[PDB]
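Only one chain is shown below, in structure tokens, and it's the form deposited without this ligand.
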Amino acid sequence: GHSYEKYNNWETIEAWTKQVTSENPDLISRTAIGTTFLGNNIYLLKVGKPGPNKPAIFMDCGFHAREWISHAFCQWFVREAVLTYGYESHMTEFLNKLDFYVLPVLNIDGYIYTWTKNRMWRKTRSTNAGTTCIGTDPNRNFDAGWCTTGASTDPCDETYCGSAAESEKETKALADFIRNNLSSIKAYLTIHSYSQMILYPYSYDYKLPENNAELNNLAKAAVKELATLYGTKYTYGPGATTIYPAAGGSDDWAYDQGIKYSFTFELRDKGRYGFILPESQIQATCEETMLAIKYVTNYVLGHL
């Protein structure tokens, strides 16, 4: 049984992607953008009412296997879209005028592993030459100052950058999709946990994006909007100085492709539960995060 207020295993999420699509044909279509190391289909939902020359926002969850609230949020976003379309003015305008690409779980193999073997697994489940240590950090595997800072060259490490940029089937699939759709995708949003932050480029070097003032102001306003619901306090800024320097991130890579609105969300909490955020917090976390995501979406729509 699927529930939006519990953490769902991969079999359940996969079945949900099929069911939510079948139940909402006028608003949702599903494709597979590739396969994981272990051969699992990487599903992508396109959410929106069909129309001509629509701009798009791309959102992914589940880069890091143990960050279960991330996976839960992508599902919640789709929940909100199908529930409130036609009833709530903003969501209806969003879905009429733009498409949302929602990738519910990128690192499917790692996610399965957190359910079956090791709740605290982070990386992919691919093999590495010359060692029995498993996995690459998908958010150190993109072609963005690749493997230079905040990333490890040791395959046994949690931030292992991989053998080469896009060495992982999952990151290659994501990068390929974005490159193939670069004329339509106007914003890139990537959902992580934890630490309550909205980050934007750059993480791979201490340098700032050309539109730094715009991104800073947008992140500041989105943080303020998020806080209105339950008073949850987020920080924001360029990745390198807000959390830490880290090379090979998808947000930096997306920005360097020309996607001007590129953000990483780090959801609840600030360390009390960390990655093992209780199910009792899914609803509140997702509802407040919705406010930030809708704020960014409205901004993108209004500044095309």
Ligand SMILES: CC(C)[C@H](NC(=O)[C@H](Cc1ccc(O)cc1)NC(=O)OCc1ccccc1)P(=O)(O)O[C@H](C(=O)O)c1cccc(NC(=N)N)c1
Second form
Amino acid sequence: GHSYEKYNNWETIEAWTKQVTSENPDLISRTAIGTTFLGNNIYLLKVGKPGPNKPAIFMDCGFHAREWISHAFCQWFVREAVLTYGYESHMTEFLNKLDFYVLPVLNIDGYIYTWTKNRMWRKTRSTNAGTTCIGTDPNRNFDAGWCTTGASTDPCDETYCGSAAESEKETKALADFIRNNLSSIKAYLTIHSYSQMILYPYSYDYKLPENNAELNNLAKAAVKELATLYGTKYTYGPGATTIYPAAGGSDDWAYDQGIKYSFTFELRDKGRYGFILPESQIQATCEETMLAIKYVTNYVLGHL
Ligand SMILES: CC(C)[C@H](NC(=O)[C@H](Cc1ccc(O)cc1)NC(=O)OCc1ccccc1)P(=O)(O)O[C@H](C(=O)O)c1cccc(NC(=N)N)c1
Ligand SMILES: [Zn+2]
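Could I see the form solved in complex with this ligand next, after the form deposited without this ligand?
Following is the full complex, with the preceding chain placed first.
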């Protein structure tokens, strides 16, 4: 039993990716871009009205296992897309002109572990040579000033950066896909919780991106837009000064690949519930986040 207003286990999310695609083949195609360490299927949903040489926006959720509202959002987004296409003018235009590559859960193995054993698990579930300690932090595992700051070289730590960039099957799979589709991908959006922020590069260094004024203006408008719905307040800015320095993140890596619009979203809340956000806040959290995501999309589309 899948529900968009409950957190769903992987078995249910997987069955959902099959069902939602089957029921909406004129708007969704499902491919697998690789397997996790434990052999689970890394699904990618291409959401859009099919057509030749379309530009794309890439969005993932579930980098971090315990951030359950992230996984919830990707599912919510997909339904909004399919239900409102042809009726809401913006979404109709969006899906006509571009594709959303939606990766609903990246770190599946960790997510399963938060259901079966440890709700506060963060990392992947890969083994590490020479120790019983498990897991690499996927968002320390990208080739972006890799492991030089805000990251641990110790496999027993929560921010373990891995043995090398893309040492994890899951991060290699994501990197490979984006690398193979660079010409088409115009924005990279990665969904996390919590903190209510929109961050842009850089986090691995205090240097600012060439278009940081544009990114600041874009982030500022998106947070204003998000707030219009329920009054939820977000902050925004470069990662390093806005939250903390940290190397090896996918947002910084995607930007350095030439994807000029790259954002990490941190959804509700600010720490009252933290990672354990009540299911009763799924709907409102997803609704307001939709506004910010659609705002950014509208901007990116208009600036092709
Ligand atoms: C609550 C979120 C802020 C998450 N952070 C955590 O869970 C961190 C991870 C961590 C664990 C041990 C340690 O020694 C240092 C850090 N843990 C934690 O308790 O966060 C609490 C907190 C809550 C609010 C603001 C700051 C910190 P996140 O989603 O993992 O944050 C991302 C990350 O650290 O990978 C993140 C946030 C903003 C930008 C980026 N991009 C990037 N390239 N670093 C990445
Ligand atoms: Zn996270």
